[PDB]
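Colleague: Residue-level listing of the chains:
4 protein chains.
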Amino acid sequence: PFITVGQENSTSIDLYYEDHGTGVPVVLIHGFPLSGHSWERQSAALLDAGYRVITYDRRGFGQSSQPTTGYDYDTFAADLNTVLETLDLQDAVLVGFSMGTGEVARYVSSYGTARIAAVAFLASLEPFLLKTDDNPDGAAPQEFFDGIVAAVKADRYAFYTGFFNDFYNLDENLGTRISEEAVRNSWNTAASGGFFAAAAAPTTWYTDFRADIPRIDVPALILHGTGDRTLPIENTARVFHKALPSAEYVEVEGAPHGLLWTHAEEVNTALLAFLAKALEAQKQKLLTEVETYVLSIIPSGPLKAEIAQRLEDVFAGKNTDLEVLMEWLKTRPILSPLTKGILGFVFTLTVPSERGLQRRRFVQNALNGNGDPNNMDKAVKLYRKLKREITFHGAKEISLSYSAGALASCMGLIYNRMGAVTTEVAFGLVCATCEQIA
Amino acid sequence: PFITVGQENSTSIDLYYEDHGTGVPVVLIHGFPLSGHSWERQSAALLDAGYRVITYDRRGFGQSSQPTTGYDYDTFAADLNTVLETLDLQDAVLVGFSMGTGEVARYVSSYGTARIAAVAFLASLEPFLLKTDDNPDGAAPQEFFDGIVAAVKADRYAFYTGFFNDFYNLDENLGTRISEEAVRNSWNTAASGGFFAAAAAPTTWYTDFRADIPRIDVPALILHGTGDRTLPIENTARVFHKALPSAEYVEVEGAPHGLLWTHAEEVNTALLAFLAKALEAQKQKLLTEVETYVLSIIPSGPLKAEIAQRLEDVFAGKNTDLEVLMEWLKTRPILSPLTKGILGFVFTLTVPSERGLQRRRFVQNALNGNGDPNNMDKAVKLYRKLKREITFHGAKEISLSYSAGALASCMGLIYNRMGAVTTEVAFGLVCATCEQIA
Amino acid sequence: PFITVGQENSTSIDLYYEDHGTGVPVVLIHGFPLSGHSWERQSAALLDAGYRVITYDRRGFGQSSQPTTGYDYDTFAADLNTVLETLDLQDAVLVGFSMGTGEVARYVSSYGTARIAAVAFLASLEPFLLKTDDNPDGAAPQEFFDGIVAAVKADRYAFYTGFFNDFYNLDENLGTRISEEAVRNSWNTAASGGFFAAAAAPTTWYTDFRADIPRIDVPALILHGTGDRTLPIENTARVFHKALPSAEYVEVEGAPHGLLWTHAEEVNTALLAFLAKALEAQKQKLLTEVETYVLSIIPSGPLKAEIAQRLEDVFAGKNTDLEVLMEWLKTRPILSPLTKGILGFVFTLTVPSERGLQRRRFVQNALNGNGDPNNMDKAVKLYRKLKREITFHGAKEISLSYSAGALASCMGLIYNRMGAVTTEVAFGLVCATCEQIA
Amino acid sequence: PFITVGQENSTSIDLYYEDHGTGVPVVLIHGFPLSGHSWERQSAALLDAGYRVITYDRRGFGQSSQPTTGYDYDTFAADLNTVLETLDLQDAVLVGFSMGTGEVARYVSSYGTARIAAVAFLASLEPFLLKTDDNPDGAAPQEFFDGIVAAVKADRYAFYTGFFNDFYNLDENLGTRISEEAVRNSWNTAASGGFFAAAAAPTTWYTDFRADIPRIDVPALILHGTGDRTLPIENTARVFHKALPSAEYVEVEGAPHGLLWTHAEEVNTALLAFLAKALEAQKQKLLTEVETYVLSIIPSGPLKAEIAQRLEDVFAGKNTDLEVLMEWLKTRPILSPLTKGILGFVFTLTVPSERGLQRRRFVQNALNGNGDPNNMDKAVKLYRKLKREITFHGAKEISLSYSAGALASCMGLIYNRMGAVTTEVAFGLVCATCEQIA
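Protein chains in written order, with PDB author numbering: chain C, 1 to 438; chain A, 1 to 438; chain B, 1 to 438; chain A', 1 to 438. A prime marks a further copy of an entry chain.
Chain C with its partners taken away, still in its complex shape:
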């Protein structure tokens, strides 16, 4: 999986990325000098929680292309933008690490937060690393950073082992927090990067982000270890906390720089606690929107009120048995068969506790579609567009074109254990079919 972001000479600067899981998109940006695979402990906990994980490799690092141009944060942000535009992500979360936090703060400032719901800064560079007469809160003068760039160009392979010692604090963490095999992969990941990228990237560490911080309007999370070597805490996060008081501030006690692996228990705990508090407001907004499209089919009366509460208890998570429900749903005087099917459909997508034994006939004949071959031949063409679809905003848009007949049969395909798509796009088909009946 590759996304093109640039064009160097006769080649195209392509970036490696991975799009896993279904739900709220969480974009992860790695640090120097690793790949997107470095988030393998965080990506694990984000998948079990239900989030959609998207990790991409920075140019010159990992499996991405290795050009000798475009090594400033204006290019690094222009790449992140192209990725978000190509993926068409909406209300996503940007989580950065090391250099990754430098793109999270630059993109937000330069392109806005129309696609952003929340951000996070793990072991950040912000606001400034370079120590000048202007900024005393710097970590080191430019002579120091020029000492690193030269030390890479001499022998970048021998430079890595020294760097990955101040990355994990191996004299304290090896054999306890991190194994030597785990370290080896990090070296293998770094050594398999672009030689030019390894020598040009350190010149971006001392970037002035003081102008980009105020442009953060979305909820933010700031995290940093108290034993960081590459990025001293009192020169970064401690003074990042004063620049943006709106963000929650978390110091992991005794954590090194590469705290993504060493303190995975601590990081994942805080990262999930932040997301489930800053995304809860929008994650249920669909549940009341899906409820809206569903209720716009039910004829007004005593039924419409109880049905709406059979959606409230279910969407929330209250215990509801289907047998009393589905029986009751069938024997209805004013409900047309087609609505019985949609309700029977939605009531199965939202609960994993249907006992997994029986199916219903009143819905199965409702989501039939008469049995017309042409009507079925279009329904599978929709499912084809839905099996390669991800978002609710996209599944509804596509399934609003096809006729009301093909929509019924397409819902049947998913319901009759034939086709299979995520519950987020399943609502899309439902809410699109509901707009047809309006």
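Just to be clear, a hint being listed does not mean it is correct.
One copy or any two copies: either way a pair holds, since identical chains are not told apart in the list.
Said to hold, decoys possible - List time: in silico BS3-like cross-link candidates among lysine-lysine, alpha-carbon distance up to 27 Å: (1) 318 x 277; (2) 330 x 131; (3) 285 x 381; (4) 304 x 242; (5) 396 x 385; (6) 283 x 340.
None of these hints come from the bench; they were simulated from the model.
Since chain C is already given, all that's left is putting chains A, B and A' on it; use the hints.
Modeller: Leaving out everything else, chains A, B and A' in the frame of chain C:
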């Protein structure tokens, strides 16, 4: 140089036209019975001011073909329409004289004002010369014009020496305002015209232009000699003034009908003043709306005030150097490369005083954007459409159906070698680009 | 080289694969946690034997994509089916290893054996690894496999060194059967796999294949090690032998799990012996079918019996003098010049006795084609169609749609070393020319 | 970035290549068993000097495809030819190492020197490694190389740690000239190659390059380590020196075989010095012949002495400003506008120090010349031919069949936006233009 505007049996009807200078196109349309060479004093000052002068000879007059058909303003306007379309003039200016003032009002009424920026009626026929019962403000009954046609048919050549005698007021202006030799050449221009034209043209003088006046939605200029013997001012310019009060009204005192030569020092003064104001207004009206679109791409703050000032200063023509701007624009904290390439692309257009030097490098790098195989080749698709588009709204509408990655790439093509198209069409892309990124 | 076998979100699940050599397609399916390059010792043996090696990487492992969906044998077999169909293989032999033996039995029991000639099971998973009350032939209860997954999730990179120590039995083979450099490479491939793929794979180890075994209606090979630490021989092959008795049962003495590298000599010898014992019956009644068309051109008499022995004493595997035949076929009264070049061509392919010199003349003058450009331009048309051909039937079905005169010129280039084909393709041409003489 | 160079059954053979920087193209070809990343020190100095670095990985090695066919220098040269043609490199430089030095000699012999300006053989195989009876100056009998292939087939991975041990002389250079980590990565690059490649490549070492040496008609550089254990200097570089005495000969004392890393400070010094001289000679040799053509368009006198001096001063790189030249060229008594447009077109090319400013106005006006409908459109016909032409003589021959009015117009197109083509092709037009006007 000729332009085919029709067909007459075995012969084609061609019109002699000339094209001079570079700048805002000014179409000069002559009157009876001269040719395009009668503007040789107005066509001089317009060239010294920086305009593009275009003179064409009406059918049957000058070096143009001499057919015996199509001697009516419905045909004359079609002739003008063909000339304008063939030359593909955009935002041009129509200036007519005597009969030529009828081809200005008829064109705007029948064909529109997409190619027209401003018009001018010098010694005009408007609105109606024929003195009827419903039109009291005429000049003479049809028994008079029928006398002129009969007078020409008897002796065309002897008729001229009496016509030019009142055309210039040679009992008042000869050997003073107009030389004897100047008259002789004007006589030669008359005698070298179509014999049928000189007999058919006078019947086109009493054409009702009251159906064409309201169609005028552009700045106009009504100038007329006070001592016009051939075309009474009290029966034309005075009543024409009421029909179109929006027009700048000017009366040259003591001027005859042929005031293009005798009073060239007054006509040139007024015509240049009108053009240097009315066109200046359009270069300001449709320039402040560009700033509006540009100031939607820039985040709120001092940068939305510093750019705003530097735009309003540049628009006002305040003397400044681009090398201060182009450098200060570069070293800017918040702005992304894209909106740094858009601003630079505007500063190169709105500041003709470019020190007579090169282009820039950061705008060239930001504009292309990715250079995607189809997206860059969808920029050359729009490049073929904008070269044919003539308006600002037209350029805005088409480019609004294209992606911001395609618009930026298309702007990259225009910036390199312009142009082709005009600035009013180039701004149509910039404003459309800014409208997309929002 | 890649093959799209699915679609996860905005990414396409592609599998890496290789295709070398000419002959019977032998598919090699690796196991946990290596890749297709682990068969490198078997691939070298199969290419020299005269086979066609096709290795591919399982999803999430090796050089293929690393998705989070589709980790079950129903999905693993769906990929295998797509690879087999995309390549359009026929008479293909399926060989598996560890986790790769499960894809062989599952595909064969759901998609049929139309493209399959034989199967092989090295270090099998069959028939059941999980130990319940239903079968004592299980390896370990569910509580054991949960320990593995938890160990992978803890430290994926540290898990391998403890897994590869029991994979090759390094307390027995290190420094002898396998060097530490070979271990490091096996680790480098396991580390470059998928993070989700390495933890969701052991849950597929205890898949029940009992309902897939009787579906195997092709010659099989059940090979195992008597020192396997990962897959206990008593719980796998020992009981697999009872569910599949008509399969050649081979127990490599003292062999570990990673016997592909340690006991490569013992495996290759046993694998090649099986590939000959299973494919001999099909080469017979094909080589005799080849002879059938060959003897048809030979006139029924005392010569049609002699040439029968001259063929059957070469098809078997015996050696002979090329000089004797090419002088006994040359100086012959009854045979036509064309059928001399035909027998001279069949012999030149079925004989290993090169003697290392010059190439016959009479066959050149027989397979000439009159030196006709039109007839010889039709000859290169078949060559381009035969160079892309595989089966014997596929060659005969195409070489029969040409004139018999053109086939001679086409058998000229293949003879004159100007063109190269396989063995079944070459005979497909010859046995087609023989059909056109009836 | 990949380039297809062949086809292998179901898979395509693609080669991984990289393109960096702008300037004179330098093709770097690696050796056994590394990849293009082995030039990361030479590829650094070349970029800092202003060259275009192109590294491609040989088949079976690096990230390129791993087929089992075409492991011979006849195929390797075809691979190089395909890469050069696909990239359309003109006047490039070929630099090879170990095996790579064989692909330089084979290309020049089989394909020519139209795209090649200079070559370099670093630690070369030339002329013949195999020690035969007719070739006393060999290195080892075939019984030796057959021992290496057998050594690799046994254990490919364990073989490397012994090969790299002598490749770098790690008993002399380890932890000093080359780090331990630098070795480990080189081992990873080896282990990640084609298994069949590592067994087939050593058989290509003893290739007779005596049939390729005389074909070299370009400046060459023979550099070799004195302490090369793998490739003896006395059996290669010494005898190779006699076969090609025209080449600049350099011996680095105490350098092993992998002197690209251990002695990068010596190789970079020599390679840059050779390139900055040999290429400088071509930029002077084929520049003085331009002056010869230019000084045939200028009448004899002081102008044929003042231009001659100002040309020879500019060619010599003497610091001067164009605004003195471009103005002094303008105000010149004898010269016609055409030969004033040709001179200005040369001064813009031969003086890169253009103050970083604009173009000129008199050359733009004189070059187009008439703009004849067919003659200007016969300039775009030549513009399509010169973009494909690669040499100086080639550009001269084609444009010699066109009129001077077409050549001038074609020069007008190149001057506006160059380019596309190179200066060696642009001069091919200028010299052809001057040749016409005579």
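Colleague: Now tell me if each hint is right for this structure.
Modeller: Against the structure, the hints come out as follows:
For a Cα distance limit of 27 Å, the shortest separation of residue 318 from residue 277 inside one copy, 17 Å, qualifies, whereas the shortest one across copies, 52 Å, does not. Proximity of residue 330 and residue 131 under a CA criterion of 27 Å is satisfied inter-copy only: 23 Å between copies versus 68 Å inside one chain copy. Taking the closest pair of Cα atoms, residue 285 and residue 381 never come within 27 Å of each other, the shortest separation being 29 Å inside a single copy and 42 Å across copies. In this assembly of identical chains, the alpha carbons of residue 304 and residue 242 lie at most 27 Å apart only when taken from different copies (26 Å versus 46 Å within one copy).
Proximity of residue 396 and residue 385 under a CA criterion of 27 Å is satisfied intra-copy only: 11 Å inside one chain copy versus 33 Å between copies. In this homomeric assembly, residue 283 and residue 340 come within 27 Å of each other (Cα to Cα) only inside a single copy, at 23 Å, whereas the closest approach across copies is 37 Å.
Violated hint for the displayed structure: number 3, the only one.
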